[PDB]
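Engineer: Here is what each chain is made of, one letter per residue.
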Amino acid sequence: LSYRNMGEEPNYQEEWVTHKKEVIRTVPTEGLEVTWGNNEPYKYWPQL
Amino acid sequence: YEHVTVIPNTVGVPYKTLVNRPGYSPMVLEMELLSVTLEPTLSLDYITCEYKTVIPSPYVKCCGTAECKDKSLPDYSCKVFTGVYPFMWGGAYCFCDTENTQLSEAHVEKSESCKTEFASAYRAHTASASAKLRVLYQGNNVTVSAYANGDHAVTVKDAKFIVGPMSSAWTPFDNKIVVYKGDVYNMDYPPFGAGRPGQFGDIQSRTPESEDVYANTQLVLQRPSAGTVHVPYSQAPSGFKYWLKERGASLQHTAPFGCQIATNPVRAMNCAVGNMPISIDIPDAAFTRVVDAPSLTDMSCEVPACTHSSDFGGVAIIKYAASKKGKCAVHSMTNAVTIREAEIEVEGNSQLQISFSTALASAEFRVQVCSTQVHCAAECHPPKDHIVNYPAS
Amino acid sequence: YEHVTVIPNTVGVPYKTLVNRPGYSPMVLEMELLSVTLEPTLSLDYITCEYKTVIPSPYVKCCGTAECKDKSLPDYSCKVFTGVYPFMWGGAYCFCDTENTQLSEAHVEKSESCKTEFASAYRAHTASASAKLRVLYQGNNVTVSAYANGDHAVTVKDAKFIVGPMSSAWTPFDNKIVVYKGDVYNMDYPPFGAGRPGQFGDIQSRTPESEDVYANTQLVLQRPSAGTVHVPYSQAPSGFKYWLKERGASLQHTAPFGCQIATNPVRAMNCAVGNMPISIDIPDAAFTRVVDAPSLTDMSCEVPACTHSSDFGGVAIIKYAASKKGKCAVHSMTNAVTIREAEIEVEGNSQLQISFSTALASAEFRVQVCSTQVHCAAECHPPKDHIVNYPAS
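Chains as they are written, first to last, in the authors' numbering: chain G, 291 to 338; chain C, 1 to 393; chain D, 1 to 393.
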């Protein structure tokens, strides 16, 4: 599971997960690019 | 005419550009870059493979001492173990007493999968500018893919679209790059032939199927096998096997700028950055004369619904009174409001409900329906969910 | 031992440097730049050649009006000159008198000698350097040619050389280069597919071996001549005939900076610029100390030869007195001295005539015999002729 910025501030954090984990990403204004598993990643637009 | 617009260099936000032509009606168009590829210049110097110590059969001089010759190989290990007592599976390998010498010779060799998998140490050059982008213009949703240096023009749909160059420079290449079988790892390669022991790139392929091997694996010949032909020879491990072990996080996860670093050839697709100045030489047929335009006047834009959200959530029943029927170009003449449609068929004394909204809740925006400038002010709603999928208006 | 020096970026100058570590005699490492060429990052954006006109046989619509058919080719020229009364070679081509007309059509076709005559618009990116350099290492004048980016460093003769990077980059390559079969000219190309009419490159292609070509050749099919089935078709002049015929002086003539530009591959051999960093990690076996070295005591250097000229115009008899016979480093201890010899035999109480030049006519130049130093002076006479060929000392 890897979450990073969607833009110039990378913040490209990533971790292998082993148990149940409720990771709370503070979703950036440039967007939260996360990939958690072999599916393609979710992008977060922190809208509203 | 040639309308010069600068789209935001980020895909999916379908920009509208209002081509105003004197002698014609208002000619709004929509453009949006689908993808934009950044193909960097590559200079593949170091090749990554697996080193394998090709050590020969044990040259047992039974009761005899020879002289080891320096075989010119990659790390030719020459060793004369003095006085081996080598015995075989069927007894003694030497019938002589004590003078049996172990000839241990070896070299390095590129692996068979090194012939398949090679780490490509591309020397980074400039990025190729190329991008595919669509536009709902002239009554057609038509796309043009253009090499975006500025001089790869597409006169498509009768329209001379010339886009390029890009404004941005956040290049997905680094100065040195390793292509490792699907992965661009921005890594500095070692000296081409001048590697270190245990380095990522301990076997340096100066050509991809090359004949030279910059390899200093620390293959140290150990002492002989105790009475049996065994090659005592200690070496360092696979430095590309360590580079296989330390595979490293590629730019497919490690993309700063939100770029899509996708290789084969090493490209940067979906590098959302900068602005894109595209000029569109429109023909005369897009210039449709305003005297032949429908006489749309007496508009009242009644703002029915106001939700400042990700969508263009303004609703506006604009009561219009058209002289004749026709697609009046219902473009936004305002600064904040994204209107959903581009043209509306204003037919007569009809109320066209435009779908237009923007980010600002208190939105007083202007809209021109093909000549008709009107104002629409609303107190748009707050957001409902904290997260949307991509950005919005 | 490692001595890391910088030669001047101009080949042929003898760079003898007295690398002298402790525990060794003087090591006068002579280097000479064999050649340095610059591989520019080309990208063939424009394909050029002299295009032709495929005008077919004329569609003689006899007895009736012609039919407009837009054959979608490059420069699809079609016209119906109705009312044509063309006569034939056997009299009349039209049987009736009034209803004959000429639907005359033609297209633009590619250059059939485009397989031979090609104009290449190289999208000139950054340039990759590659060098050759020889050194008198151990007294052996060996050569080593390396990829002189500094990262493809070449071990040669037990001595690693780290060659490059060059201090300069002002190479003859421009932003957009044109290569026409021997001609490298820095020329501003048209749009790749978005070329202009009649300019150097009107028959533009995306590549030379490509399939499509943009062209606006001014296909003015005029109405036909009287009684002869002949398509009067105005056409612009050949851009292959133009920019070939107005080809001008190329980089082979116009090479500034003293470069030697040679394309196919694009390489500026003898680019006279920069400081060339070359680091020679040499073996330790040359470093023979004062216990190993001959001991030259009482060296007296009288300069009977001294002439301020281009070559090594300084003849100095160093009457030495060597304790041990052998090689001796005759190294330059002065900054203006150019001693051609770097090692001389010290066999006894004898003299070596060192032939090195200088610049100032009254010169107290310093030379060391390998543990001895000396500053001997001479009065140089200036040269005769103004014009020489090579550089100076």
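Read the hints as simulated data drawn from the structure, not as lab findings.
Misleading hints may appear alongside valid ones.
Once the Cα atoms are required to be at most 30 Å apart in a straight line, the calculated DSBU-like pairs of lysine-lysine come out as [to be verified]: (1) G:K333 to C:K176; (2) C:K176 to D:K115; (3) C:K52 to D:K69; (4) C:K176 to C:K132; (5) C:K160 to D:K241; (6) C:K16 to G:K333; (7) C:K160 to D:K160; (8) G:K310 to C:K16; (9) D:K115 to D:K176; (10) D:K132 to C:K160; (11) D:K132 to C:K157; (12) C:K181 to G:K333; (13) C:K384 to G:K311; (14) D:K241 to C:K176; (15) C:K157 to G:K333.
Engineer: Confirm or reject each hint.
Structural biologist: Verification of the hints:
1. G:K333 to C:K176: Answer holds: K333 of chain G to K176 of chain C is near 29 Å, not above 30 Å.
2. C:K176 to D:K115: violated, 37 Å
3. C:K52 to D:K69: Given pair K52 of chain C, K69 of chain D is violated - Cα atoms ~70 Å apart, limit 30 Å.
4. C:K176 to C:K132: Holds, at roughly 27 Å.
5. C:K160 to D:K241: holds, 27 Å
6. C:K16 to G:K333: holds, 24 Å
7. C:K160 to D:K160: violated, 57 Å
8. G:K310 to C:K16: violated, 45 Å
9. D:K115 to D:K176: holds, 22 Å
10. D:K132 to C:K160: violated, 49 Å
11. D:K132 to C:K157: The given pair, whose Cα atoms are some 54 Å apart, is violated under the 30 Å limit.
12. C:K181 to G:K333: Holds: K181 of chain C and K333 of chain G sit about 26 Å apart, inside 30 Å.
13. C:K384 to G:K311: holds, 26 Å
14. D:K241 to C:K176: Violated: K241 of chain D and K176 of chain C sit about 44 Å apart, past 30 Å.
15. C:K157 to G:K333: violated, 35 Å
Taken one by one, the earlier hints fail for this structure at numbers 2, 3, 7, 8, 10, 11, 14 and 15, listed in ascending order.
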